[PDB]
Each structure stands twice: as structure tokens, then as C-alpha cells.
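Given next, in C-alpha cells, is a single chain: the form deposited in one PDB entry.
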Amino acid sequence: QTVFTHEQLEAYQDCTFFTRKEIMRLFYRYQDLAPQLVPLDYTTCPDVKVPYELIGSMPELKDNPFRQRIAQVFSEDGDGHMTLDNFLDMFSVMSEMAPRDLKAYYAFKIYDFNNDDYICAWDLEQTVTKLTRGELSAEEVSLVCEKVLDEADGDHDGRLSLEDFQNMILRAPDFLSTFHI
């Protein structure tokens, strides 16, 4: 293996959930996105970004309604243009190895549109609308947002903190979808 030194490869294992082999597989995926831009030796610590247009078109992000903000959040400078470090960080968090609470941390970050460390009613409405992808009517979405805030607003301040969000049943399905004819 000639892409990385031992130091930097151990550093990637230290700061991700991946094995050395998985890091190498992900590197060659990253390099494959822009083979004439991304170098094949990172021992010199090159400063290289793959444009967002190539990140958002990956099969793992194509059909994600939040692909733009995921890429923004993990990109070095918030524009979705990703270094190798950014790319490995994103896929580490998205991996099956990442714990629920870590995924919820970054989910909270992408749903906090105005970056004020709260999910407000407008952030929540925007988020539920994008996630349900037309399954819910606008009137149903508002009902969802009202009860979520009723149940989960710990500080009774009209918005969700990270703590409120992590304490929610974040993945439970729509148990009432089956009652609309």
C-alpha cells in the first residue's frame, strides 16, 4: 500500500469506524470520482477537494433528500466540496458501525437550517415535509409538527434542542398510514 503512510492510515482508523482495508476501499472510491484531480499518493498531504457535483451524484447520496446539506455539513468549508478527510468522516457517520446517537447528532445538524442549535417549528416543518416525500398532506405535516413539539419540547420554548431530538422515537414508522382510504 503506497497511498498513505502508517501514521496517517492509523489516524484514519483512530477517527473513523473503518478498518484499514475499508479506508483503502473508500479512498479508491473517492479517487475514482475525479481520477485526474485526486492524486494517488497522499503521503505529501495534498490539499484536494472533489466538487459537490460529484459527491451529490454518488449512488449513496443520489436519492437522499438532504444530500446537499449532508455534503455541506461534512465539507471542510461548508460548500459541499469534499476533501478525502471529509469524505471518510461522512461515510464513517453513515456507516452501519456508527451509533444511533452519533447519527442523531448529525441529523440534528442538517435539520437545523439556520444553524442556531435548535430545530424550530419552521425547521421541523421543512424537515418533515422533505422526509415524507408527499406521503403526508400539508395539513397532516402540520399536525405532526404540532404533536412532536407538544411531546418533545422539553424547555417549552417552541423548538427542539439536540437533547429533545435525541430523546425522540426518531425511526418509528407512521402507524396511522393504514387508516386512510
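Numbering follows the first chain given and starts at 1. For clarity, a rigid core is taken as the largest C-alpha set superposing within 1.5 Å between two forms. What changes on going to the form deposited in another entry:
- Superposing the rigid core between these two forms leaves a single residue from 26, 136, 120, 61 with a C-alpha shift of at least 2 Å: 136.
- A displacement of 2 angstroms or greater separates the C-alpha positions of residue 170 between these two forms, with the rigid core held in common.
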The other form holds:
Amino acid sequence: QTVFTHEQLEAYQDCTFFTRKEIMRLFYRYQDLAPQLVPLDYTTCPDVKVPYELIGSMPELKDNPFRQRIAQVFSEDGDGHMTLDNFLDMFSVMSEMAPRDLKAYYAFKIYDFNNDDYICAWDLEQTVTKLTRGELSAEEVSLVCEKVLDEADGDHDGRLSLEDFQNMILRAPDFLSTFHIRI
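Having seen the form deposited in one PDB entry, the form deposited in another entry:
Next up is only this chain, free of partner chains and other molecules.
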């Protein structure tokens, strides 16, 4: 009658910022999303994914315009369908205890919509559009995108490398306050 072995819980504590008690609580959050899919005994080492539709509709994500990208970035195959490991990793990185450099790294991945290790004018267009639900005009969006590149494109190649992005964001006083999910 146990969800995990001692070794499995020790390993989750080792690779997340969660206590043993928190891993248990988050496991039940995960299992409750799809109780006919997720087994109650993980000592069997199951290979199970909760589908994206149930992840993105969770209270902690459902109102986030970037919810699909967040689940894609942390999911095993980039499609938003999540193993337990993926789910724990997502909330661990997004927790208040995660260091700023780790958060900046994953923020970069979230906003790199085309997954090319750069944030270009097209990635910026997607970000601004979602942030304003399409309520800015295409021309209005273009100005913003151009200004961000002017401000932040440090190596002057037309696009934001991770280094460009980290230089810009680690200065921002509200990055840690807003790039935070509590669960």
C-alpha cells in the first residue's frame, strides 16, 4: 500500500525544489486530473501521460495565455502531454524557490515559439498577440516587436539569443514576481 518507494521519493526531492510531503500532494493533483489513466501505485514504474487538454485546463494554468507553450516546453515530447516527472518539473521550475537563472532559461524556451533557440520578430509577434488577445493592430504589434529588438538584441543579429534575453530579464524587478506558479 504505497505510491512510491523510498528511493523514488528521494530521487524526486533530489531533482526538484519540493519536499517529500509536497511531492505527495502534487502527485495527487496529477492523479486527480485523470483518475482512470494515472495509477495509484508508482512503484510499478508506469509510462503514463496525462493529455494536454487536462493539463491546460487546470486551475493554475487555465487562464494563462501561454499555457499551451508552458506545457509543451515541459512535456516529454513537446506536445503538452505530461508524465508525472514532467508535471513535477514544471511546477518545480515555476515555484518561488527556483533560482532566477533557471527561470530565465525556461521563460526563453516558452517565448521561443518556433523552437529555434532564438526569439525573433515572429516569436515576439506571437507573444505580444497572446498578451493582448489580438487587440493590437498588426502595425501596432510590429512597433512593439521592433522596439524590443532595439532594446534587447545585444549582439545585433536581429534576434534574441539566450544571452540577449538573460541580460535583459535578470534586470527586471517584476520578473520573479510575475513568472511564478504556486501549487
